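Visitor: Single-letter residue listing:
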Amino acid sequence: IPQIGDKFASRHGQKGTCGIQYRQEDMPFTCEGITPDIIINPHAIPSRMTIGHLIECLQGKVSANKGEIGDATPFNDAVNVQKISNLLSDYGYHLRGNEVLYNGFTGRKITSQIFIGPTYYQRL
Amino acid sequence: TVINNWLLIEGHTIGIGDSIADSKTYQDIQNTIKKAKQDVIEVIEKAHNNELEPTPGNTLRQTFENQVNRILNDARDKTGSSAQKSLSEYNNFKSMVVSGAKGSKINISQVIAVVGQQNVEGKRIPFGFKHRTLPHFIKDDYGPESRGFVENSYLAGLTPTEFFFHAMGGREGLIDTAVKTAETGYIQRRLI
Amino acid sequence: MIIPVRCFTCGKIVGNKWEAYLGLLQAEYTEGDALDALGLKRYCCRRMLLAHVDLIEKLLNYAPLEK
Amino acid sequence: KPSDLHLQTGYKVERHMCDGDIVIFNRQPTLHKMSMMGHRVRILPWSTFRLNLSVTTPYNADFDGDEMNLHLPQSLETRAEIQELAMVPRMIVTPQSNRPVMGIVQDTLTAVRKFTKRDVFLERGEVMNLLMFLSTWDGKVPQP
Amino acid sequence: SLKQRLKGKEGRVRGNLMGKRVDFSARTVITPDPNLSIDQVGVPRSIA
Amino acid sequence: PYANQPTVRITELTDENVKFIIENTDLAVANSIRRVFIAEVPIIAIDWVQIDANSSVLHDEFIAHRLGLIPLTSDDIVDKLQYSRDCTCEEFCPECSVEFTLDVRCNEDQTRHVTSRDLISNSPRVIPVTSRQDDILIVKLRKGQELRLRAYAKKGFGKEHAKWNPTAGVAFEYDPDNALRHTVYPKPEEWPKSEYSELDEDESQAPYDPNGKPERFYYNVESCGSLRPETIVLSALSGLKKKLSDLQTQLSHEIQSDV
Amino acid sequence: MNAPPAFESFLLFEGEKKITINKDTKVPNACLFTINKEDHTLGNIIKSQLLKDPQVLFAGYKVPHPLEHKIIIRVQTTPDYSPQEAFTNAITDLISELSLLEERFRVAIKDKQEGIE
Amino acid sequence: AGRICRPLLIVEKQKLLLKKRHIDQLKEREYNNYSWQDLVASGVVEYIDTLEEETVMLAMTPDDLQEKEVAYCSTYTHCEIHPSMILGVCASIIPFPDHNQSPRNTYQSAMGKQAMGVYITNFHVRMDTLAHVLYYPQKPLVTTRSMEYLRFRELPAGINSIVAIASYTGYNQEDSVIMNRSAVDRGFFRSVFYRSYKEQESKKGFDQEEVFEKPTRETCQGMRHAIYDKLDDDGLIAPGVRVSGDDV
Amino acid sequence: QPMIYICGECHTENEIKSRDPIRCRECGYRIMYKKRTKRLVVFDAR
RNA sequence: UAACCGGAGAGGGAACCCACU
Ligand SMILES: [Mg+2]
Ligand SMILES: [Zn+2]
Ligand SMILES: [Zn+2]
Ligand SMILES: [Zn+2]
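Residue numbers (the entry's author numbering), protein chains in the order written: chain G, 928 to 1051; chain D, 674 to 865; chain Z, 1 to 67; chain F, 434 to 577; chain X, 338 to 385; chain E, 2 to 133, 145 to 271; chain W, 1 to 117; chain A, 618 to 865; chain H, 13 to 58.
Everything labelled a hint here was simulated from the structure, so no lab data went into it.
Where hints are given, some of them may not hold.
Straight-line C-alpha distance at most 20 Å; calculated EDC-like pairs for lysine to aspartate or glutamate [what the hints assert, rightly or not]: (1) H:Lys50 to E:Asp53; (2) H:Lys50 to Z:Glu66; (3) A:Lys730 to G:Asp933; (4) A:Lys730 to F:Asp497; (5) W:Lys37 to E:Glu172.
Given these sequences and hints, build the entire structure.
Guide: Right under this line is the structure:
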């Protein structure tokens, strides 16, 4: 069973150990019923410059809402974050992929908007 | 304990909205890099028609590469200054770097404005091929793009050539780290 | 190798929806519209009904050596 | 047999430790002398080492699969001298650059920066939630 | 040879005298935890 | 100093999901309402899997996992049954358990898809949810090999396992135009509207209220199909009553011990 | 390898009781009630009802550790008024309130299958 | 031998040689049996090695460089097939390397060998040492086109996950993650580990002879104190027997 | 007392006594397998 | 006209390569 302390990997090199495990009532949640799985580090992101990870998560949300497999070829230069935000506005969600999260303990909304979405992880 | 709980109530994220800038400053960056590129092409044409007067103490080639490095450093510094002037003060990048936790003002510049010129062994990228850095460029050209300057940002994406140049830089950093750790271990053992 | 029965986030029932998904893709609908026709509104269930790979057909294509 | 299980004063017991015992704890390579600190042992259910970011900061520790070593002294005087020399409050500050080395980790640093921003106006329920976690709290609410 | 057996890094002088194998020494991966004080470390039940 | 007068109304009802609105109550109470839907609602799920003979390429632990994650029908017999851990009987007794059987021999050339329909039940009030559409697939069986097993289903809640969590999804929210200003919008125009928002298309942002409380909670309860959502709410509230009653009795005895 | 079995979250074993009491010395008329093997799904609403009470000066709830199923509550109420009867009164008020929610929800759902129209 | 080459397009004029007729047969492959070798025979493309790459000029894009504009050199002789083809087996599954950092790309490409998943199709038959296999492999949501050429659509490694970029509890300061107990209960990343053992009995010149047999406490000597009830009569553990460490 | 074994490629059952060549009775196949134990197995669904 | 006996230390090593810090 995946316990705490196992090593989990993105597709961009952010190595991460499983800290703790809370129950589904204990994790936060959106206005709908979606609850997240992983809480990665917004301090890790600027140090590693994983803007590729940010674009990957946003494109993943776009492709999941669209119903198609997204293409992430490096040297395409035909798709960009502006077109992706256009697809987000087409599907009704926020232009920059942030949403409102709700506390699982208190119930109050989180003061800041929170980034969310799917990606591909691997345990090691 | 109490700062962790206040952070639990507050919430702190990073996102594309934080990493994106506005079109007017984007146009400022394109105008700045276009001015720098036409200026360095003017300097290159000056060296081609040999109006370049060599500085005493170094050759004409060294003077020319000093001129190129000075122009590119000034352009990159102006680009970073313009971006950090326009970081819009709601960026979590700005907030966390002001807190001093991680990252740097230049790291905002690479992630947002432009990567800039990358240097191998303290200079530009040499002509590994026959007087050319890549076969994708012509023979005997001294353009910043053809010699290792990146005109794009991380948000904009990179051409495969400058991606190869960034790979040059990253490999150079990694080999430095490895030999640094090994040699400082041996030296510390010697001192002990 | 098998479709999970439940959404990892939600818990909505998924196991029948895989064979239904194959039936609709054989009936030649665009897969997103067929997914909406099956009625998976949330993307956290759309992902598992969309990008599930099946291996058990290869495993059963192998002969049973333990008979 | 219970005749063997009978005890008298002066015997040696190889007993399982409980909370409060002093252990030494390090990471190879020991680049700096701050890299091995004494600590008090405590028990948590899931099976890994649990520790503080203020101890990771001198340890050069960053949780990407880095494992630590944990030695426990057997002799009581060795345990006492480890307790009274190599302990983290006793060696908060390094001699080489006369600077503190415990520090504050990045997430709590950014959070306390946004907390010490000038325009912070905190609700009574949240201040109520906050002032249990002060260990050295006097027990009286301050004026808003 | 014995000259090799002592001049080696696994030799008697270094790999067996300066640094030697010791018991009473566990080793495992770690996990962040802010809810305990800076002086405390939490260990697994099997280790204890 | 005393409790207010909250109000309850329901917009629409469907078998899979229900939608309702609560007013004049605390955000803490509403959050606990969502959590008591999620956690302690008792249902019936398969727990004890004995395997006589497995020759499928899927392993026995995997088979037990999928059997435990099969949902079941738990209308009122979950309230009739008692906890297995507390019921004093040898192994499982029918007062605290339900018996299931699954014997499949794929003897046909085509792959025989083992389905939730093929689970033989001991009590008619409990079946897989799918029976009373395509059945829930369990394992695809090649010709020649078989799978014979017995099972017992018991009563548990989501503090144990998500298989005993019956709620497929809760959508709990409030203040559709951030009038309480719990969030700060750097780009409120760029922020998309909520479906409960009544603000103008030009504004899309309610004015700040200096004096107010978060109110008018919207609830969307999506069941997994095991129970009716109204019965789920009633069971959750009943369990909350029981837990508070036990806490009251125990702490009253604690006060009696102190004095 | 050392996984906690699931009932460790909710099953109270022999040797310990649900509620323990300790009198604080930092401020008088302050009492600490420790609830064993239960979490914020009751902690939050008990502190909500305590904040609804105006007779308490300070209220507080905290879990000593998330993986240790336990919560403590420190309450310091006004002198002439006792935290124990305050706590019981808050709980029984919450009980009456949630019961009222329960019958109101039955009448609402019954209104729904008979038809709002 | 020993020279390393890659296929590149051949362009003579300002216009290329890879015509719509040829791409029509290539699209209607598996019927005309039109092959890559048939394309090489057509002479549209050719193998280019290092010295020849040194001495030839390249056209980076036919749609961008070979098209008529402000001319760079207008002496283009060869053209690359696709720039992403300079990547490798792990860099292919790396998404957005033009956005990522090079140390991150190198780290991720190294970690791709540690990326755990269904390694081979017939792992139940293939009895190897230190095998790992996940319950629920999934293809990635967003990827490059090269993955299904590397057969990553059929034998992937990992699960698409709903992550939340935030700092929620504070148990994730430095390179740490928090996870769903309920999903992990529902099947999220639950894997299973395989370890194989072996033994070769030997027959010698009657001095010491090894034979597979259940040891006996009174008969055999030098035994380590453990159980032997799980051991069968011949000395083999049957399949389907639960067993822990320090056991025969 | 003798063991019940499975040939594999024959998928057939045979009886094997100890200190005997490991061959199928009708084909002599060296790859050879043992049957599942008769001892009971249960699994809690966690 | 006969009466309470109890038994647990281990067995190679050496090289190469890979991985992680
Ligand atoms: Mg490290
Ligand atoms: Zn879902
Ligand atoms: Zn019973
Ligand atoms: Zn045979």
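Visitor: Keeping to a limit of 20 Å between CA atoms, is the pair of A:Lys730 and G:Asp933 held or broken?
Guide: holds, 17 Å
Visitor: Do the alpha carbons of H:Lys50 and E:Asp53 lie within 20 Å of each other, as the hint requires?
Guide: Holds, because 9 Å separates the two Cα atoms, which is no more than 20 Å.
Visitor: Within a Cα-Cα threshold of 20 Å, do A:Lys730 and F:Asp497 meet the stated pairing?
Guide: Satisfied, since the Cα-Cα distance of roughly 17 Å is no more than 20 Å.
Visitor: Is H:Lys50 within 20 Å of Z:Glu66, Cα to Cα?
Guide: holds, 16 Å
Visitor: For the pair supplied as a hint, W:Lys37 and E:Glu172, confirm whether the alpha-carbon distance does not exceed 20 Å.
Guide: holds, 13 Å
Violated hints are absent here; each numbered hint is respected by the structure.
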